[PDB]
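Take a look at this single chain, the form deposited without its partner chain, given in structure tokens.
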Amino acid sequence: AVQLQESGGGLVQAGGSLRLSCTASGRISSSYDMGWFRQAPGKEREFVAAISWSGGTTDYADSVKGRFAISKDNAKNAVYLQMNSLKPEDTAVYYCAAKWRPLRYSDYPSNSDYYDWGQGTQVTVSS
């Protein structure tokens, strides 16, 4: 029931940076994880990063290697993905997602099985 909308996509030069934003149309309650996924041309969708909405713990895909940072602003119902040192490999549609986890065992966020999805924003990194 959380409705998600991404923004910030576009063309960026290799080695460059870009910040993506995602806002939920309503309030995101305390047990959510918020995350980013991406789908490259002809490839399977894959996890990028996640953050616990109330707890702040993060998780990143190996493909990130410290180049991307996920952050949030609870007061704005927003999650962000700061992308640095962009490479052609990073060309993809980037999706904001939410996962309600009321029975979670810890604050460490999920990297799979997200249920609410944005429509995606396209990022093109030029060689």
The other form holds:
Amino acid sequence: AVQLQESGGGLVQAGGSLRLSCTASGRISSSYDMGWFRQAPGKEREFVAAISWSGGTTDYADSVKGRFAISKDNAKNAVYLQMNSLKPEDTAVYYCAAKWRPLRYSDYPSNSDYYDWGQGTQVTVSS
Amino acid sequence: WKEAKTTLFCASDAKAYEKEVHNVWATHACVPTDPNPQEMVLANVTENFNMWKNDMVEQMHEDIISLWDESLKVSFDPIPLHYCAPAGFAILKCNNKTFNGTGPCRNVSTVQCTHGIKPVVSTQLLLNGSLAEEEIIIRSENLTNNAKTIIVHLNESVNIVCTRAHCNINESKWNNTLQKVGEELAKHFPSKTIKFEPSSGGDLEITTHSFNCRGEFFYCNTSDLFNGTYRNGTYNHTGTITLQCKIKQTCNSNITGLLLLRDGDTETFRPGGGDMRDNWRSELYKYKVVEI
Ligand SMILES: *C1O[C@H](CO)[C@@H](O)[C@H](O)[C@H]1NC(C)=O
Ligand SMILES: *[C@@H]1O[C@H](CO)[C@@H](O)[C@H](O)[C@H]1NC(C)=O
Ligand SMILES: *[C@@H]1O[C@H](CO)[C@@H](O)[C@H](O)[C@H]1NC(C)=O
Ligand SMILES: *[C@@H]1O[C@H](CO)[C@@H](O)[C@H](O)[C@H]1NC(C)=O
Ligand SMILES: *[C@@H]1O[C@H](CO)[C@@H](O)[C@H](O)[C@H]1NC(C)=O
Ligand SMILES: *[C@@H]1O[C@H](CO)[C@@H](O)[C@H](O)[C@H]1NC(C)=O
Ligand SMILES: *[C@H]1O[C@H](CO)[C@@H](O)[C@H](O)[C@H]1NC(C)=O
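Would you generate the structure of this protein in the form deposited with its partner chain bound, following the form deposited without its partner chain above?
Whole complex next, starting from this chain.
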């Protein structure tokens, strides 16, 4: 469905900060979640952040709470990921992602099972 | 007559005046269905299908999203929708009623539009959908992959009435279904006890049976239903069966299929759902698109 394209990935010194941006070429309905996952090498795909498209509620992975921050701009069909205080462990490919939840009970975003994806953008942190 | 991708269109029995949201969106975005259709038939012909990589599914999905989106900003009850191929293209209709949804099918046909398919959004159980001739049908991209969802087609429907909330299934008809299911499953799983357990976790739509009636959202408790262990012989234990449903702020439908997920000496399955693209894959397993 919706077309996702992430950008802003890169290479940065430890402790440094970096902002990623995902843009949906299609269009996002009210009942959507938009989130960020990441896959470090040798490891599996984990979750990072989620925001309700309509209400703007957020949810962060524990290892992320306090350092990263997920924001949206409905005008531009864009979700953003500010990442501060970066650690070598944060090194991974980050994937923008979305999930159509018309039956969602609440505005609270999900931390699992996304259905639409982006191609990924590279994030590398040097010690 | 070569497989390709192209922008389909939808036909509907929509009525202009009807303020029913589906009819409102349908009339506008859809064209009258063709009255006298219209199948060609083949045999000894074999083609490679794949319900798991099927562009048709994606198209229907996009339309339904847009359907709900326009709708929400009161009348509500889905309509059988048809999806048709543009001039230059046709739709292969696999007639092998034993098809697992993937691979070669030695018995196919040729139509332009699909049968009437109601866009019913739900989780765990597929409702008001078509049935499987003969045996229970079993489908998955990769069974070896416990992470991939499992679609179970029913050859005998079970009625359901959630109203207020609470829903009701005939015990006698349910246990009948599950034994035959563990049987089909036992076919795919050897010396292993096949247990059934309620959704282990995740969003509320996914952990309960969710669905929409007349515009109200019903999230129903499923713990009693998925509470059976089935070895060689089989037996389901749980507290007719009643499931406590929550509401937001009466309808009688037929359950026709399932969504399961296996856990990675036993092989337990739980109810799945979420990605409505499966509700679609549930009805579009038989169709495929080729340019002539
Ligand atoms: C079923 O029961 C028999 C004994 O009646 C036992 O030997 C066998 O291992 C069991 N097989 C399975 C698949 O449960
Ligand atoms: C081919 O499917 C048709 C219906 O489309 C059916 O009547 C017939 O039994 C099938 N032939 C074979 C070889 O299975
Ligand atoms: C339902 O499917 C099962 C497959 O295990 C089969 O044994 C049974 O006869 C079917 N019932 C029908 C065809 O209505
Ligand atoms: C399914 O299982 C494994 C991964 O769990 C995969 O490597 C294998 O190729 C898959 N089998 C098929 C035939 O899809
Ligand atoms: C279903 O109901 C039972 C008790 O009524 C409860 O133990 C279980 O947590 C409920 N499931 C959910 C997640 O609503
Ligand atoms: C199933 O069909 C009945 C009558 O055809 C309809 O009233 C009901 O709303 C349908 N169920 C769902 C969940 O769409
Ligand atoms: C179904 O049929 C194909 C062979 O045509 C087989 O390779 C595939 O594994 C089967 N899938 C299931 C789950 O029935």
